[PDB]
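Chemist: So the chains spell out like this:
There are 4 protein chains.
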Amino acid sequence: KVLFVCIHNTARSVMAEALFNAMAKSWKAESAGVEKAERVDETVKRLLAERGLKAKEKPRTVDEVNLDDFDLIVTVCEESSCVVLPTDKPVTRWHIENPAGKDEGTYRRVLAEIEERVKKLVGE
Amino acid sequence: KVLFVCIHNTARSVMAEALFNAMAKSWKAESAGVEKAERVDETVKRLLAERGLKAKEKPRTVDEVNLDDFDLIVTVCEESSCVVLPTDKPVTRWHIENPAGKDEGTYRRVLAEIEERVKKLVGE
Amino acid sequence: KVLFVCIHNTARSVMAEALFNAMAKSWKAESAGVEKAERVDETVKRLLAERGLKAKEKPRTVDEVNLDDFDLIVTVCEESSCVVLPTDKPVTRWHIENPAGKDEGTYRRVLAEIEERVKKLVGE
Amino acid sequence: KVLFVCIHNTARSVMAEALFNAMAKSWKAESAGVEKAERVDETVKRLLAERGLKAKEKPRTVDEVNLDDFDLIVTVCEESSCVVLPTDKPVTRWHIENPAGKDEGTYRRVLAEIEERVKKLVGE
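Protein chains in written order, with PDB author numbering: chain A, 1 to 124; chain D, 1 to 124; chain B, 1 to 124; chain C, 1 to 124.
This is chain A alone, in the form it adopts within the complex:
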């Protein structure tokens, strides 16, 4: 399995997970965040449900998760601030626009990029 981690873990983290799982046959996916959050984005769960996908029930901080369990932790970084995690394990970095607040169609645009990237990533 792979781990999609972003900062607040409410949208992107959750999007990549759901899309990954709908495309991967053997690999599975989970998500985590650097900081706490109460709810998963409503725009996201709507957008995923519109695609027949259920987002994660509740954001889970990366602290409540033992990283070594994963075999590829993909990190969804900001425009210029990729967070590093405590693992000599394999980890990539995806610079993806933060849809938060922007709402509107920007979320869908973010969804698509994540999809183009997950699709490509699911090559292996």
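Source of the hints: derived by calculation from the structure; they are not laboratory data. Incorrect hints may appear among the rest.
If several chains are the same, the list does not tell them apart, and a pair holds so long as it fits within one copy or across any two.
Pairs of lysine-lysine, DSSO-like flavour, derived with a Cα cap of 27 Å [as the list claims (entries may be wrong)]: (1) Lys102 with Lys1; (2) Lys102 with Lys28; (3) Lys56 with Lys36; (4) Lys25 with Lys102; (5) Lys120 with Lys36; (6) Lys25 with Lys36; (7) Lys25 with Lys89; (8) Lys1 with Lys25; (9) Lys25 with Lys119.
For this one, chain A is given, so just place chains D, B and C on it according to the hints.
Modeler: Chains D, B and C only, in chain A's frame:
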């Protein structure tokens, strides 16, 4: 000058700046964050005002700031997720408990640590 | 393809490459180093040739190589000094004893670990 | 004190140290390397002795050194491979041409840059 950067930039980032400036003679300080935030913590501005300190007017993302201007960017990291910045410049990491939400006296405890660390840091 | 990079690129880097290729069906491998080196270790080429493997002809610095070509750059780090490369791409870290100088059977022990790790890594 | 660490620790690491010490009043300096080396460069000790400076007696790997002792570890990185050390402490990165082998006057050129940088760095 030094730059105190944390994720959301609402409390700690702001605390260290204000305390630093009240202790440093020649050096000055600024703060920035990895992600957007509308307001500076009310507990903080209260806590600083109680010490005769005005917190920053509004959180400024590290994106609206050209890092090279600084000479020591101290990064206030989480329990296990120190964010890295785009600079071959000097940067440290302070693992400081996130007071957010916890409110109560936890904030003051966080204030004290930041103070113990800023005081020490102001050695140079 | 995967890229095995170490500092001087004379032994381990070269070992992992040759073993990987002898085990991977679809993926291929290459190697590179942080600093220049004139010759590939004689102990290694002997040790690989003893296993029917030809080591790389000459060490190639990671500078003479465009990283983006690869899809997983595994970094063979020291006891406490994992070098980071200029890529938002996926990269792991293997703490492997430096056989250099130690010669004797230590090289073979290093060969075995790299093999245990490559074998495992070739899972995907 | 500050710590100047490079890969092999034979030239640059040693140059910065000696120059630093000849310029700093209160701060002191030491050097360390990522990998073992038997001798300190002869071009360097000549070059420093020509300036009335004695280079380090023998290269000391960063492993034989407890990092926390220092208060600013400057890392002399390559064209594209800055090594990271095991410390949440403050550390910078200097991209300095590797004089090794090039010999000739290139060493002096490297000496000068390090000097321009140490001079500047000794501001604090």
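Chemist: Can you name, in rising order, the numbers of the hints this structure does not satisfy?
Modeler: Structure breaks hints 1, 2, 4, 5, 6.
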